[PDB]
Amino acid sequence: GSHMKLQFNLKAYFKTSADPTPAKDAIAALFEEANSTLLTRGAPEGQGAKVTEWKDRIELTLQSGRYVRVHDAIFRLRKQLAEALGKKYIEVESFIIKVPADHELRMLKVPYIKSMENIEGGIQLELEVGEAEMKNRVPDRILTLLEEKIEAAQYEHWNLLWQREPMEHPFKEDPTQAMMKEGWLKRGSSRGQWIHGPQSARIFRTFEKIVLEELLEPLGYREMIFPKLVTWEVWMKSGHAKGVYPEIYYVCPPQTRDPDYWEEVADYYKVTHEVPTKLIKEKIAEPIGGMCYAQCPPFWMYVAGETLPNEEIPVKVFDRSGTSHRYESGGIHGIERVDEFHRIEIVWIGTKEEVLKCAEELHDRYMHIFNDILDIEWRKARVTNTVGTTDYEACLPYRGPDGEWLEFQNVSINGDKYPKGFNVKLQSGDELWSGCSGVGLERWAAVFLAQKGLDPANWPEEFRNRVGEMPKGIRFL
């Protein structure tokens, strides 16, 4: 990358009640003392913050690197002066950060950034920041945002862990097409949405039974019920509020229950037989969030701001109380790529060691299920130390010998992300980790039916015993 030094520069003056004249001697010497003592704390040798110069007002220029940054050193200076002047005897002029980068960057529509100029070694930012913004650690977040943008300009890494021996593929139809023709399901009215008739529902329910009996029970997972409408509060706390916006379906409550407010809408429909979506948008409130997207984030409201007794971890829970929603890539797909899906979401919390242990245990169960019960062809891969996702992929014969495999299962180790995000401590004081694993029912079905067909006689014995006698569908004329 670039080796240009990360530099902060601050020019401001302290608000003084009394006139800086008898203090002239006292202020000069204790700035010197701050340079050798106070501003060293929290920085490797020599890399401490520094006051370059100082002149009604007490104006100064202040310089730092990445440690003891200018905007937090000034508060260290504010408290030291307070005890020096008060008992005996902040207005910012400029804020500049210099940030290392190879490539040029665009001008950003970002709050608190007055100007952005490209320089030798990277970018120079000028911040529109006062006292409150500094206390709120705004420049740290601008730096973080800018660093994210910088390394993104420098632009997947996929690593194979285990693969099953190839098997024969006597069935080559698209299971969705097959299911449609045989009366298993139909397209729902919304995009990427399906209505499942008795036969398809049965498959979904049998996978559910499999997860419960072969995984969730033997490992001691307890059922909870997670909320499905998800608020900004949750997504702020989970981090989804940093970028999830393009993928979600937004939710708006009505501004009021008042019949009269809504009369114009009902009236419009009565006369035109058209829904006035334009007018309705005006009358609905701002979005409160969206429909369930990742599924686990809203659970963390259950433990938010709490301390778990060591007795209570590992916490091992799951949810299967409703639907998830994602705005997928346009153009139609089958059940392999839906907008409305049904997931069993599995969440575990404990120490670092316990989370890794739990992940490994789930991996063993998935292997048993896919090999011995479903008897499908699959592999797993890690996406590029233990923090990250392991993906399960399977070939869909109808896509041909060279087609993309389908992602149908995940296990994620999330580190301290969620405990930190939702503020969940452990009573012993050790750092809490978490993990999660989502069983996408549509995906299991897409994989199993593409490989095995819609005919129970050709399904593995172990699967047939769990389905029972298939129900009949709804026959039409």
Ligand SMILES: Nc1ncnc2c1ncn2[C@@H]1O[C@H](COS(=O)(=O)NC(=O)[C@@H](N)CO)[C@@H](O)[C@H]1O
Given for the second form:
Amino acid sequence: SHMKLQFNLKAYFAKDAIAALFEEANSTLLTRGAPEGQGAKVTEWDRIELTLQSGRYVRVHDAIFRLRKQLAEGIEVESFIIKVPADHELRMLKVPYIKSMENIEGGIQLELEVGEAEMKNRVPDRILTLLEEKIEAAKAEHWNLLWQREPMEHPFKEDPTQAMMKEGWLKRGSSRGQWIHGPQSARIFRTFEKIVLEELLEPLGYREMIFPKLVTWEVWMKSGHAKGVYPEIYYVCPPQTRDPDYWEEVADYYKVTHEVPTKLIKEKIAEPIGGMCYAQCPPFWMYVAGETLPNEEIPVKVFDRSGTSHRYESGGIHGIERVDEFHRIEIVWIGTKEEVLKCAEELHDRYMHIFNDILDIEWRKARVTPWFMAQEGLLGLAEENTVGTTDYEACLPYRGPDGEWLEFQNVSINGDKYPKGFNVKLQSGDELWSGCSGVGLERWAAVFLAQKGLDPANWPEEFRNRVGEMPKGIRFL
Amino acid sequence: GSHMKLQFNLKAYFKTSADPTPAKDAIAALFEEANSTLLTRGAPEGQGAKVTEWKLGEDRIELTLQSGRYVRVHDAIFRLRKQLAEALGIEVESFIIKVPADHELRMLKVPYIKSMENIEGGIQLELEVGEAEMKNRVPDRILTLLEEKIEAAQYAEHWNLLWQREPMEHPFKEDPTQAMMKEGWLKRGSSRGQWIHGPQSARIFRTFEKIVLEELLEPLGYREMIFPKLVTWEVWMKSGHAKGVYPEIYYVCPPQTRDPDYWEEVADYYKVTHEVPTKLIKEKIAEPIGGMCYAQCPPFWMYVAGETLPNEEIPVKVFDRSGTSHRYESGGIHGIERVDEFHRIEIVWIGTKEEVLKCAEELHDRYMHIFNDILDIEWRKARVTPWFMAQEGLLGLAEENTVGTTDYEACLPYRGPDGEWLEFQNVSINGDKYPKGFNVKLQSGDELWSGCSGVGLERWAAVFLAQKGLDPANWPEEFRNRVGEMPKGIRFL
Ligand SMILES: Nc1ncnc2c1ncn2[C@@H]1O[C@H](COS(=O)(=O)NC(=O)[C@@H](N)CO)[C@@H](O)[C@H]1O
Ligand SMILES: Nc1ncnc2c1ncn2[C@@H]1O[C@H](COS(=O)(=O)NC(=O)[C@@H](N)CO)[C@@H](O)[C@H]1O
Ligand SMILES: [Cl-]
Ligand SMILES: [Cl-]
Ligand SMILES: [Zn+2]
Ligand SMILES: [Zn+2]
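What would the structure be for the form solved in complex with the ligand, rather than the form solved without the ligand?
Time for the whole complex; same chain goes first.
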């Protein structure tokens, strides 16, 4: 039912002549209605008690400081109620500045808890917005094909991870979804990196940088990840102190029992400062944060390959196609909208050549949900049509004729999100855009070895040329 | 030191059958026999364990056992249990250990220790232990623990010169980090002691890395691997780091669940306040599973853990350069010479003692060429406290004269004529520690040794740029050839 939004405030801050002010304040001072007469109205009333109410227009905490002006010839809060319309009931949720939440036979009734400082800082605004966004939501990722290569014959049908484990290419690491790469598998990773460097990054004029791998909340606040990335983060906590005396109990406990006291260690570490590299590109942005670029400096074309990314993926035993610790080449570009779109197309042309002529794999491209929207809790598609992600996918023969194709890398136009988030300006003042491309080496390896096999004699001439003589593994009895 | 005897004193009783009375005399005979034959086994002349008194009861064959260094009372009582069960439930009354010590120790919370008091000659420990603990060899580990804390309470870091280069002219005296910041080579990252390297600084790192590959790793036949960067408690237990690495690790905690409903409260908090609720997040993460890469080599050893290597497969010569190392160093605002996040090439080798010694020699020879001929820096090397001991909280040297660490140090002219030199890399011989810790064997049954070498790229840069400056025109020809044409940085208004 069409219930109405209602702001309700009880507040208090010798004179009888205030009858020519308060009576007319309900028709002159607070009458600023948008569609019609939608201002603050009917209610009852230096303890000057106010019970005045409002809707979306001329808010009760925007009108309460307007009465601070008129009466000038601190505000203490008593009761605050927000009646929010909702077509159906909603689950109980704890949200700061909310004391009570109740679903009824009408909608949702919130009981907020604010001071005058909280009213000034716009607290009821964000609570409303969030609650309205939860009721608006009260489905699925987007996908459509752009191009696919003609089907190929697939003489190799085995799981490449199984094939790699059997043949001593790699082994499982100690941590969840983690691998140790022996000489052969390492040779494959470095050859993919050499290809991306020589066939893409150098001819396109990209410059190497080293991005930080420990990412703080500050970065993820600016990148928007602080909006919903939490389920997949590997959190990092420093110790509360470096004082050995403080850690002696833990060390002594271990030395006697041969078990590390993980519960006591958790008390002795600080709250998390952030987490391990997740999307890779965000910590780069502190390099350009608050800066203004001269127009001759763009497009800024940069890449990183200096470490591991960590994601707490879904449970189960997987191959190197799905891991909790991975190795990516992050490619980032910044410029005008036109340059960002042009840079993206330059990359597509270089990726096409690589996958067709060097790896000679069967692959496709598809428009999907923007990486940044997915990683902060959202789905669907971006508002601007030029903004979004293009996914690169390839078949894994072992998965069967109907198996799902593996996303092995992406290319994204991010719009002005990052330049806005990190406050990066252009000298001319024209809007800055950015893009990025993530190359997953474990994913390239899953695709290549699933299609081509582990035998150099069956790999394309172009790849084999770039590999050199394959190294030997470490053999055991 | 104290000459006082290490002694063990156990008051206990058995129950290896259904309850009798005093109904067997062979008990008296086997205790006298054990003192003369059984409890002497594994002990030098007259240093065996002794049952010094015994009495019977209702299913209680109570005895007072005594011993020293060998055939310890927690080991000897199971020798007696096997006897008193095959010839015909251990409960402990008291477990006393007297340990020689010069100085008195501040008592601390240690499991299975009821009492600790000073005596003449050393320290007396009354243990709170049962039969499971004795079988587990808990008394042994308590003794090792106390011996470590007694050894530490005596009269820091060791240092002795091995080779030094003839002093060079030092025309550049700027702090290379300040110089690099002013010229747009790098900027500080958001995290404590963290840096973002622009095109110019990254070019330098990559050139060092190429020098190590081409001048060392390739001609010496090293094979690249990729070691894990998130390190688990399992790895650090086997490496010994679990013994005291704690004050300096960046701890890693996974979420307790991926369930988005569990994390809704966190996201909602941020959306309303614009603040990340770090206190609530700490409640929602799991206990730490380990921490970020610290020594780099330990997680490799999971590759060889519990395996046997064929003799034709050694020496095993591998390296890793696949990511970042993280250490919670001492506070203060510093340059790239003192960082919490660094990039190292970890070089590892495994084989026999003589092969490991040889591989160490080969690396030293290649390093000497690099620093003398290519970087052309003023440097030295010195024998120092073994890296693995220092990261366990220990000082001094290993008692095997060949086991230890050689540090490479170089002067930073901005620190002045008397400033401390900077350690920029090391080469270590680690003995059997890692093969033993991870259970790696050799087919021939001969001992397996390993070593490692850590090349810290930030440290190479701090040293090279402090001595040579940031201008390529003043760099050595051999270095300038390898760098190629330096790239432009990103210019700001
Ligand atoms: N758990 C994982 N295991 C292995 N590779 C992964 C994993 N997650 C992502 N990748 C690789 O990283 C690429 C880009 O990751 S992404 O989430 O889609 N997008 C981003 O993070 C962007 N910032 C670009 O890197 C993917 O195409 C995939 O190849
Ligand atoms: N906090 C740090 N910042 C930068 N570089 C470091 C830091 N700590 C160590 N290194 C580099 O890593 C090298 C070896 O580190 S070590 O602690 O001495 N020893 C080890 O951990 C051994 N496993 C060898 O890697 C040092 O010589 C130094 O060059
Ligand atoms: Cl990130
Ligand atoms: Cl480590
Ligand atoms: Zn990105
Ligand atoms: Zn090492």
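Take the two forms, find the largest set of C-alpha atoms that superpose within 1.5 Å, and that set is the rigid core. Positions refer to the first chain, counted from 1.
The residue that stands out in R205, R187, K172, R137 is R137, the single one whose Cα moves by 2 angstroms or more between these two forms on a rigid core fit. The rigid-core alignment places the CA of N423 less than 2 Å apart between these two forms. Once the cores line up, the CA of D364 ends up less than 2 angstroms apart between these two forms. Once both forms are overlaid on the rigid core, the distance between the two CA positions of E148 between these two forms is 2 angstroms or more.
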